[PDB]
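Take the sequences, apply the hints, and build the full model.
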Amino acid sequence: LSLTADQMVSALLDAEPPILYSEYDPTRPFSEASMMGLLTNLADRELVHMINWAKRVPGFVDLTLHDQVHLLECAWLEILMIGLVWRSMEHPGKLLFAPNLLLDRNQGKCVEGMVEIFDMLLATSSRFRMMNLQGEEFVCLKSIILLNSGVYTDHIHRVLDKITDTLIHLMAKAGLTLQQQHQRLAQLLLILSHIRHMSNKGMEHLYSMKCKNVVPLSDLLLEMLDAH
Amino acid sequence: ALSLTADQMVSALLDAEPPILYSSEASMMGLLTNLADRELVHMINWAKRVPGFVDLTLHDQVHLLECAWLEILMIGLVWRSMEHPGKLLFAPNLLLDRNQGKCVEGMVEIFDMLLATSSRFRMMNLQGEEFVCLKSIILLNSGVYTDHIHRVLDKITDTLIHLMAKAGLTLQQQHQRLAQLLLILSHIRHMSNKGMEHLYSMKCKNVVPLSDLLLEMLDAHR
Amino acid sequence: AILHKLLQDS
Amino acid sequence: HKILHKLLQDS
Ligand SMILES: C[C@]12CC[C@@H]3c4ccc(O)cc4CC[C@H]3[C@@H]1CC[C@@H]2O
Ligand SMILES: C[C@]12CC[C@@H]3c4ccc(O)cc4CC[C@H]3[C@@H]1CC[C@@H]2O
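Chains as they are written, first to last, in the numbering used here: chain A, 1 to 228; chain B, 229 to 450; chain C, 451 to 460; chain D, 461 to 471.
These are computed hints drawn from the structure, not numbers from a lab.
We put the beta carbon where it would ideally sit given N, CA and C, even for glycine.
Be a bit skeptical, because a hint or two may be false.
[Unchecked claim] Residues on chain A that point at chain B, a partial pick, calculated with CB under 7 Å:
{"#": "1", "residue": "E32"}
{"#": "2", "residue": "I168"}
{"#": "3", "residue": "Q183"}
{"#": "4", "residue": "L189"}
{"#": "5", "residue": "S193"}
{"#": "6", "residue": "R196"}
[Stated by the list, open to error] Taking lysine to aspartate or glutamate and the DMTMM-like style, the derived pairs with C-alpha atoms no more than 25 Å apart in a straight line are:
{"#": "7", "chain 1": "A", "residue 1": "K55", "chain 2": "D", "residue 2": "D470"}
{"#": "8", "chain 1": "B", "residue 1": "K276", "chain 2": "C", "residue 2": "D459"}
{"#": "9", "chain 1": "A", "residue 1": "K173", "chain 2": "B", "residue 2": "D386"}
{"#": "10", "chain 1": "B", "residue 1": "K422", "chain 2": "B", "residue 2": "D447"}
{"#": "11", "chain 1": "D", "residue 1": "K462", "chain 2": "A", "residue 2": "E204"}
{"#": "12", "chain 1": "B", "residue 1": "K422", "chain 2": "B", "residue 2": "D283"}
{"#": "13", "chain 1": "A", "residue 1": "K201", "chain 2": "B", "residue 2": "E337"}
{"#": "14", "chain 1": "C", "residue 1": "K455", "chain 2": "B", "residue 2": "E444"}
{"#": "15", "chain 1": "B", "residue 1": "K330", "chain 2": "B", "residue 2": "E311"}
{"#": "16", "chain 1": "B", "residue 1": "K394", "chain 2": "B", "residue 2": "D375"}
{"#": "17", "chain 1": "B", "residue 1": "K422", "chain 2": "B", "residue 2": "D440"}
{"#": "18", "chain 1": "C", "residue 1": "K455", "chain 2": "B", "residue 2": "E294"}
{"#": "19", "chain 1": "A", "residue 1": "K210", "chain 2": "A", "residue 2": "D119"}
{"#": "20", "chain 1": "B", "residue 1": "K431", "chain 2": "A", "residue 2": "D226"}
{"#": "21", "chain 1": "B", "residue 1": "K276", "chain 2": "B", "residue 2": "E294"}
{"#": "22", "chain 1": "B", "residue 1": "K422", "chain 2": "A", "residue 2": "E112"}
{"#": "23", "chain 1": "B", "residue 1": "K394", "chain 2": "A", "residue 2": "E112"}
{"#": "24", "chain 1": "A", "residue 1": "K109", "chain 2": "A", "residue 2": "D25"}
{"#": "25", "chain 1": "C", "residue 1": "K455", "chain 2": "B", "residue 2": "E311"}
{"#": "26", "chain 1": "A", "residue 1": "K212", "chain 2": "B", "residue 2": "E333"}
{"#": "27", "chain 1": "D", "residue 1": "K462", "chain 2": "B", "residue 2": "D340"}
Have a look at this one:
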């Protein structure tokens, strides 16, 4: 709560996880199983970084382990997805899962029911591009998702208020008028409703794959999925 | 629509509000889906009175309502239940406490989320004028990623901020409260998606008859 | 869909 | 306890 806006931004920028590579193997064609394998193997490795990133989000480590578990269980796929959409901004029509795994919508058809989710992710990437979403805004949004998504399941709300001040500060510093500031704040936060929707559909899809024995999921993923 | 003042926007949304309708596992689902079906007809009229909405093509109106209908039903339910801690006011003659959710498989989890949202509404002291703005935002936002709509959305944001300024909040307080209100829409989205999953499961299990309209709304979500 | 008609008749 | 519960500690 002590942190200034500039300190908050620096903290969040510093905590950013790396972009990981997939285990993509260009020697063989994709199958439904092999693509699901790549994507879930990637998610799994990302998760370990996500856990350590969360610990660096102001206020998170003050919570009980149970509360930390609950927030990450609620938000993990939302966080993976907003990360994906951010990575994919400078690649119209494609999703940059990894630098060696850049897929267009046609490749999503490889997995039953996946292309619908690709389409939503692509539309969100387009919206980010239309808004000219900045990196400093992105990290604020990602932290908001972590702290908000499972919060209704005061300390947390104070941090959330601090991130709001931070978003407004960034916008003011960028020269937006006062009216433009609350309008953009709203536009950015309404994106979070769409990210929630995609996460819910993505979770249903993943559950479907598991229940059809399409891909072996790690114990961690099984449990993250089971929390839903 | 883009011409209205903040006060005129509030007035229009207040005027447009739907009426409050009246109301075993099979009978409870029967009551709930019967209620929902009748509410849906009034929702369509309300939507037509949300400024900007009738400017849209028929195709786009249908799409927005198909996406948002359960979110809209739920935020209304949460609003009605605000002054009744621990209960959901589905209708004035169907006020259900938390444990009656157990009467239907998988329902109490959803009851719990709705109750938590109502609890959040209370702790924020959500106002009626704010509520109708939020319901309008849900209608226009939920399916919108699938420019004049974004201009109308900006106007409703303006209207929310106007209401907060009128209420005496500082600039800093306005921005913080705007954020708090909009973040609850993420929770309402979550609840609608869970509710849709539940309704689909009940349909498959033949536990209740559903109206042609409801079946249509449900199948819009695949 | 009935939705279409409701919108038109509203 | 959940595996996440463990990862939140080790490190
Ligand atoms: C969860 C899925 C696999 C993991 C995918 C992933 C994997 C890694 C990542 O960084 C982002 C995403 C978003 C989409 C996710 C997919 C949506 C459906 C699929 O089952
Ligand atoms: C859709 C369900 C029946 C209709 C319910 C309803 C019915 C009427 C209403 O005004 C609000 C709601 C919210 C919750 C809905 C339920 C959630 C699960 C259930 O299937």
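Hint-by-hint comparison with the structure:
no. : hint            : in the structure
1   : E32             : violated (19 Å)
2   : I168            : holds (5 Å)
3   : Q183            : holds (5 Å)
4   : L189            : holds (4 Å)
5   : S193            : holds (5 Å)
6   : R196            : holds (5 Å)
7   : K55/A x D470/D  : holds (12 Å)
8   : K276/B x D459/C : holds (11 Å)
9   : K173/A x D386/B : holds (21 Å)
10  : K422/B x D447/B : holds (15 Å)
11  : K462/D x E204/A : holds (21 Å)
12  : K422/B x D283/B : violated (31 Å)
13  : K201/A x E337/B : holds (18 Å)
14  : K455/C x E444/B : holds (13 Å)
15  : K330/B x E311/B : holds (22 Å)
16  : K394/B x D375/B : violated (29 Å)
17  : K422/B x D440/B : holds (21 Å)
18  : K455/C x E294/B : holds (14 Å)
19  : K210/A x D119/A : holds (22 Å)
20  : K431/B x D226/A : holds (24 Å)
21  : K276/B x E294/B : holds (14 Å)
22  : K422/B x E112/A : holds (21 Å)
23  : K394/B x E112/A : violated (52 Å)
24  : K109/A x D25/A  : holds (19 Å)
25  : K455/C x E311/B : violated (36 Å)
26  : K212/A x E333/B : holds (24 Å)
27  : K462/D x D340/B : holds (23 Å)
Checked against the numbered hints above, the structure breaks hints 1, 12, 16, 23, 25 and satisfies the rest.
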